[PDB]
Amino acid sequence: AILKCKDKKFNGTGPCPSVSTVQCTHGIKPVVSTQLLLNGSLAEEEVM
Amino acid sequence: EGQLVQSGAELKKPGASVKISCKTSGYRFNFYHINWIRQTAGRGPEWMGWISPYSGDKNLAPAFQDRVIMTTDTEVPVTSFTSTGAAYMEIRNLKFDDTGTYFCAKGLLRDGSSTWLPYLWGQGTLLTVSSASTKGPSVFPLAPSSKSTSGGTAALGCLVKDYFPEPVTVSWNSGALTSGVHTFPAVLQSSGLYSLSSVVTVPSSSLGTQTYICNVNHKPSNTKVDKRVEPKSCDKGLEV
Amino acid sequence: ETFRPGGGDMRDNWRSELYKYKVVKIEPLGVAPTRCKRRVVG
Amino acid sequence: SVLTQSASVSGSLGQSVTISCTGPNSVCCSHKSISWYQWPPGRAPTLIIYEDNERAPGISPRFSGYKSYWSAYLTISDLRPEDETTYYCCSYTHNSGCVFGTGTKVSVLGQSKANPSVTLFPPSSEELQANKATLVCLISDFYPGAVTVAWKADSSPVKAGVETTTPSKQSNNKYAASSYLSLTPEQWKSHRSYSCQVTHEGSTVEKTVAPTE
Amino acid sequence: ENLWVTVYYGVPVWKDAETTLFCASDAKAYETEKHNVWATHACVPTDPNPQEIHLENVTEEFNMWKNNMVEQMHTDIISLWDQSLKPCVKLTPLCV
Amino acid sequence: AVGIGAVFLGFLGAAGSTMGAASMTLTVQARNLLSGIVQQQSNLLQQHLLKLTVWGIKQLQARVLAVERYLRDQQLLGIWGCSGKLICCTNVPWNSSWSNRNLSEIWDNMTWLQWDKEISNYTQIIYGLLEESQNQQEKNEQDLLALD
Amino acid sequence: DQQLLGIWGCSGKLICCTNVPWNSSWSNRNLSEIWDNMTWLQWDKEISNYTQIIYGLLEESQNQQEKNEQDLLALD
Amino acid sequence: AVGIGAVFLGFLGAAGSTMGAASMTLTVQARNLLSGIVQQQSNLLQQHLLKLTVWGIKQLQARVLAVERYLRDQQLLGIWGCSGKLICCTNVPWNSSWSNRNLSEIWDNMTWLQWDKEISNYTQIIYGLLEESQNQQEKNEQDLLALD
Ligand SMILES: *[C@@H]1O[C@H](CO)[C@@H](O[C@@H]2O[C@H](CO)[C@@H](O[C@@H]3O[C@H](CO[C@H]4O[C@H](CO[C@H]5O[C@H](CO)[C@@H](O)[C@H](O)[C@@H]5O)[C@@H](O)[C@H](O)[C@@H]4O)[C@@H](O)[C@H](O[C@H]4O[C@H](CO)[C@@H](O)[C@H](O)[C@@H]4O[C@H]4O[C@H](CO)[C@@H](O)[C@H](O)[C@@H]4O[C@H]4O[C@H](CO)[C@@H](O)[C@H](O)[C@@H]4O)[C@@H]3O)[C@H](O)[C@H]2NC(C)=O)[C@H](O)[C@H]1NC(C)=O
Ligand SMILES: *[C@@H]1O[C@H](CO)[C@@H](O[C@@H]2O[C@H](CO)[C@@H](O[C@@H]3O[C@H](CO[C@H]4O[C@H](CO[C@H]5O[C@H](CO)[C@@H](O)[C@H](O)[C@@H]5O)[C@@H](O)[C@H](O[C@H]5O[C@H](CO)[C@@H](O)[C@H](O)[C@@H]5O)[C@@H]4O)[C@@H](O)[C@H](O[C@H]4O[C@H](CO)[C@@H](O)[C@H](O)[C@@H]4O)[C@@H]3O)[C@H](O)[C@H]2NC(C)=O)[C@H](O)[C@H]1NC(C)=O
Ligand SMILES: *[C@@H]1O[C@H](CO)[C@@H](O[C@@H]2O[C@H](CO)[C@@H](O[C@@H]3O[C@H](CO)[C@@H](O)[C@H](O)[C@@H]3O)[C@H](O)[C@H]2NC(C)=O)[C@H](O)[C@H]1NC(C)=O
Ligand SMILES: *[C@@H]1O[C@H](CO)[C@@H](O[C@@H]2O[C@H](CO)[C@@H](O[C@@H]3O[C@H](CO)[C@@H](O)[C@H](O)[C@@H]3O)[C@H](O)[C@H]2NC(C)=O)[C@H](O)[C@H]1NC(C)=O
Ligand SMILES: *[C@@H]1O[C@H](CO)[C@@H](O[C@@H]2O[C@H](CO)[C@@H](O[C@@H]3O[C@H](CO)[C@@H](O)[C@H](O)[C@@H]3O)[C@H](O)[C@H]2NC(C)=O)[C@H](O)[C@H]1NC(C)=O
Ligand SMILES: *[C@@H]1O[C@H](CO)[C@@H](O[C@@H]2O[C@H](CO)[C@@H](O)[C@H](O)[C@H]2NC(C)=O)[C@H](O)[C@H]1NC(C)=O
Ligand SMILES: *[C@@H]1O[C@H](CO)[C@@H](O)[C@H](O)[C@H]1NC(C)=O
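Residue numbers (the authors' numbering), protein chains in the order written: chain P, 224 to 271; chain B, 1 to 52, 52A, 53 to 72, 72A to 72H, 73 to 82, 82A to 82C, 83 to 100, 100A to 100F, 101 to 222; chain V, 466 to 507; chain R, 2 to 214; chain Y, 32 to 127; chain Z, 512 to 556, 562 to 664; chain E, 589 to 664; chain L, 512 to 556, 562 to 664.
Source of the hints: derived by calculation from the structure; they are not laboratory data.
The reader is advised that the hints may include incorrect statements.
As the list claims (entries may be wrong) - Quick list of in silico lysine-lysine cross-link-like pairs, DSS-like style, CA-CA up to 27 Å: (1) R:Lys133 / R:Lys190; (2) L:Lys601 / L:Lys567; (3) V:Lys490 / P:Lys252; (4) Z:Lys567 / L:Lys567; (5) Z:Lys567 / P:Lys252; (6) L:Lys655 / E:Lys601; (7) R:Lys170 / R:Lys106; (8) Y:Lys97 / Y:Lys46; (9) V:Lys490 / Y:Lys117; (10) R:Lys190 / B:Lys214; (11) P:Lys232 / B:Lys117; (12) Y:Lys97 / Z:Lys574; (13) Y:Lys46 / Z:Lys633; (14) R:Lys170 / R:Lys208; (15) B:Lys117 / B:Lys143; (16) Z:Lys655 / V:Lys502.
Claimed, not checked - If you want the footprint, here are the derived chain Z segments under chain B, 3+ residues with CB under 8 Å: (17) 522 to 532; (18) 618 to 628.
Backbone N, C-alpha and C fix where the C-beta goes; we use that ideal spot for every residue, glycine too.
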């Protein structure tokens, strides 16, 4: 099984206190981009 | 095997309100409840109430329902098997019936009854309330004395004069000498403050290779002065 | 101190939205101690 | 508080007596589960048993929890004097707090005696620059830790200005308390020498400071 | 006071697993044009609802840097390109 | 999306709960373990010739590993006499040099993950004879005792 | 399929008896009225809609809480 | 290399020993039968694109044949009422036109290989009704007798 983390202020690594179980990723669109990303997911937070 | 540490243990006047708190170290804090207790000389050990760090389920003691209002913070994980998370508990009593020493600690299985048990205990802060205000530390020495001139051991100590609210912690050489070092509780003058004594035994031949430095420290009067116990004794037995 | 966008490799494109996720094994069987036990057939 | 405990309990080496305590139907006898505490005064406590008969780990089988329909007990066994201080009783139900007690202290006989240790510190030079004094001369390394101690300048009835403490225990086995003597400046070198008499039921020791030296 | 050690099937338990994963995307008929880059017609369709369920008071590690699903998720993207290209026309008579 | 709270609790939803709680939810794990057909259909839910796209066969590798590690797991149960039955009692005593703590002290106090971590080292050695002293020489008995 | 049997306590055994009653809003007819009257295909067709819901607890009320019992009753 | 004699005896180590000896060592065979994961890892113990090297998929054919012939074997046990249980007793008598010799005369005298060789011809026919007369009509009984 995969699993997702679910706290907004989570930074790159560390244990995640808020966790919920998935088996298949949300819809990732493989955008071919160098130096920038766009049309991607967006966290409800201030971009950390 | 998790440690719990409160903070200071000092003075206050009947009217105001000061709050004391107690933080986990080495284990998870959340799925284990909260508690605080008293053991006043007048009414002995006594329990108050809990809540839960997770959601919040309190059940206080009828004695202290109507006065005391308290909140606690959130998770600070350390790793999948240990954490931290704050918990802050305010008082409001205005009665010196509650002057004693205050613990707050926890530890349990959690899915059976017996559903609160205090297990892994904190420092115990010591809540001295007073109408008299803070009186700060001065400090002077104790001349060495003979303990056993056959065994070649002596006893030298340090000041611990009258000061207001106890406790009052005094280390020497700031830590690295704990063997044999001995200090004892204070007294109560009939006008209302304390005093004890400080003495430690050392071999009599240790006078010119080691330094002996007591250090006086009362925090609410924020004073702390360090001393040099003069090793020259006046005991005839020790003089031999 | 100064600095500048790099994009030396692309899979940083993949870290963009594959950072919630982590695959994990099922070890579904555990031994543990209780008092039950069925008839000793002897 | 409502619950009542045995005022005192006694025995010696190889002991098996414990504090017990009960109360009315509303408190601590049947439906509840009831779980108690080793509590050194001035120190955190350590917890023998959590629910009646079966106890928290770490503490070992010398301690057995058992009781019937009107009280509660926990007969300790094979006892060394590390056990020597208070156990208080505790009744609770899934939705309620516990209820703690009205004063117990273990005390057992048949132990080897210990020689008391007394040590007078004269009233130092930097003291009557204030000018206030107090002679102190404190006792340790003795048990039974119960002793009376007196004052005297010049072996002639002085009758103003001495305190002496409750004994508090933090040593491995032995016990101490404190005592001392308040001031009016000259009255003292009005005397010739001193005394801090320590009296036990077994022997009487006295120290004397000649403060001319 | 006697203790046996007895087994249970289906304990909520897990280990850092290294294994190969697969793709699932809701299928577009899309009979106008054809042949998507990666999904093509081989990715399985997502279920009508993918179930999301909260693991309560659970705290579990995450390190997206030695994470493997990226090294996979590009291992693919490089790969099937080199098979979406191979059936198409080979342009070597043009280096003229 | 927004959390809906109609069903309880789910696959590994008792991983954050103590062993006693999860000990009752053993089946919301046992069905999700093997089922690689509910989620993958024998025929799909015409320009292409055959489906050896690597979506095809490395999906194909996954399905068998799904079963074989189950299939060898449930064989261990077939070794210990528990095939169709999720929990299983046991005859050879536990000498507790593997863990010194109590019975309440685990089901109410810890969780399953929080119990493997500590005896993860003693794991292989125990499985040596939860069958031998339990089943290898459980049924030469009723061999030698249904003998009559 | 045979795991479902491992869910319901029937692994090596083809037929299986059952504890939770049948409340018959799934079929109002008798016992003779099926084994002598209809065939297997002719029985699934009618409760093919009620199929998933029954398999919800031919284990829970039958086996999920059949052996915490002998957990709690071989307890002694 | 040089022989070490610490463990006894091993997988098929009782093939040269009589049936009675090997009848006790049935498990040092049952675990080595299916386990194609202990020896083959889901991920390995970067220039390459995908792993359809024929080390890949004819390893892949092997793993399922490892299980299916086990899986159909253990289904035969599911036919005869022995799923989680390695040995199995039996109800229909043996009429001995398949072998005229005794009980001691096989477990102490011969080995397992040395017993199949002689009834290898009578093998299929017996498996006809070690279930029918044993289990096909063992449980219409407790159908018709738990009837009450
Ligand atoms: C960030 O997010 C943004 C938001 O989504 C992204 O924006 C997206 O950008 C992409 C481009 O990168 C867009 O894709 C293209 O959009 C074009 C504009 O769409 C307009 O028309 C829509 C309606 O018509 C479309 O849909 C109908 C079905 O409903 C379909 O029949 C029709 O053909 C058309 O696709 C309308 O709703 C919109 O609002 C717009 O007004 C669209 O025209 C493009 O279609 C082209 O191109 C793609 C890419 O190759 C082909 O796959 C298509 O088949 C189609 O190409 C065919 O038509 C051309 C018309 O001239 C021909 O020239 C081609 O050769 C080809 O025709 C051949 O094949 C046919 C089929 O076999 C035959 O019939 C012919 O005879 C020929 O043989 C394409 O969809 C997204 O639309 C846009 N998003 C949105 C929401 O609009 C942004 O990109 C993101 N950022 C990044 C970095 O990704
Ligand atoms: C994530 O974390 C949280 C916590 O960190 C964790 O929650 C714990 O889960 C365990 C397991 O269930 C709980 O353990 C049980 O707790 C029961 C709750 O106690 C009852 O009594 C409370 C006190 O009432 C007193 O106070 C009021 C005044 O406030 C007074 O008037 C009353 O008269 C009374 O004196 C009460 O607050 C509490 O209410 C909460 O719980 C109920 C559900 O019962 C809920 O409906 C409420 O809305 C509120 O949330 C409750 O009513 C306790 O009863 C129970 O004991 C019974 O069960 C055991 C078996 O477990 C039996 O042996 C026993 O005989 C009893 O019948 C048991 O102790 C624990 O309390 C939770 N909370 C903690 C630890 O703080 C979550 O589970 C974690 N997540 C996961 C996935 O596990
Ligand atoms: C699980 O079992 C393993 C195997 O017994 C345990 O691992 C061992 O843990 C000890 C620590 O107590 C390690 O010893 C250390 O060795 C160094 C010298 O290398 C020494 O200086 C230290 O003072 C300490 O003694 C030992 O190396 C280690 N061995 C292995 C193979 O890991 C492990 O502790 C057990 N875990 C649990 C939770 O019981
Ligand atoms: C199996 O269960 C399903 C689900 O309950 C049954 O399907 C339902 O059958 C009824 C007929 O009795 C359908 O109702 C019809 O609806 C229209 C309006 O759309 C109305 O005008 C008709 O008069 C009638 O009431 C209903 O739509 C249908 N629902 C679904 C989801 O199929 C089915 O009958 C059951 N089969 C058996 C053999 O029991
Ligand atoms: C296992 O069962 C098979 C089938 O019954 C046995 O095979 C048969 O063995 C006999 C020998 O007793 C063969 O008969 C011979 O036939 C020739 C003519 O073709 C005749 O001239 C000889 O005098 C002899 O009677 C028979 O052909 C053969 N049949 C087959 C299909 O193999 C076999 O003996 C049995 N093995 C054991 C160990 O019981
Ligand atoms: C672009 O970003 C917007 C959010 O900023 C995404 O969602 C759109 O949000 C606006 C209002 O914020 C709505 O009016 C649109 O209907 C939303 N669109 C969709 C498709 O949900 C939007 O999806 C992004 N565009 C993409 C991903 O192509
Ligand atoms: C509880 O824990 C202690 C720790 O060793 C153990 O001795 C005691 O027996 C345990 N209780 C039971 C009932 O086994």
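Results for each hint:
no. : hint                : result
1   : R:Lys133 / R:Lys190 : holds, 14 Å
2   : L:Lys601 / L:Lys567 : violated, 40 Å
3   : V:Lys490 / P:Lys252 : holds, 26 Å
4   : Z:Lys567 / L:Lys567 : holds, 16 Å
5   : Z:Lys567 / P:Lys252 : holds, 23 Å
6   : L:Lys655 / E:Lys601 : holds, 9 Å
7   : R:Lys170 / R:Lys106 : holds, 13 Å
8   : Y:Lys97 / Y:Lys46   : holds, 16 Å
9   : V:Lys490 / Y:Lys117 : violated, 36 Å
10  : R:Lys190 / B:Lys214 : holds, 24 Å
11  : P:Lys232 / B:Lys117 : violated, 47 Å
12  : Y:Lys97 / Z:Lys574  : holds, 22 Å
13  : Y:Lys46 / Z:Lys633  : holds, 11 Å
14  : R:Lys170 / R:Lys208 : holds, 23 Å
15  : B:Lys117 / B:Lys143 : holds, 11 Å
16  : Z:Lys655 / V:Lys502 : holds, 16 Å
17  : 522 to 532          : holds (count 3)
18  : 618 to 628          : holds (count 5)
This entry does not satisfy hints 2, 9 and 11, going by the numbered hints stated previously.
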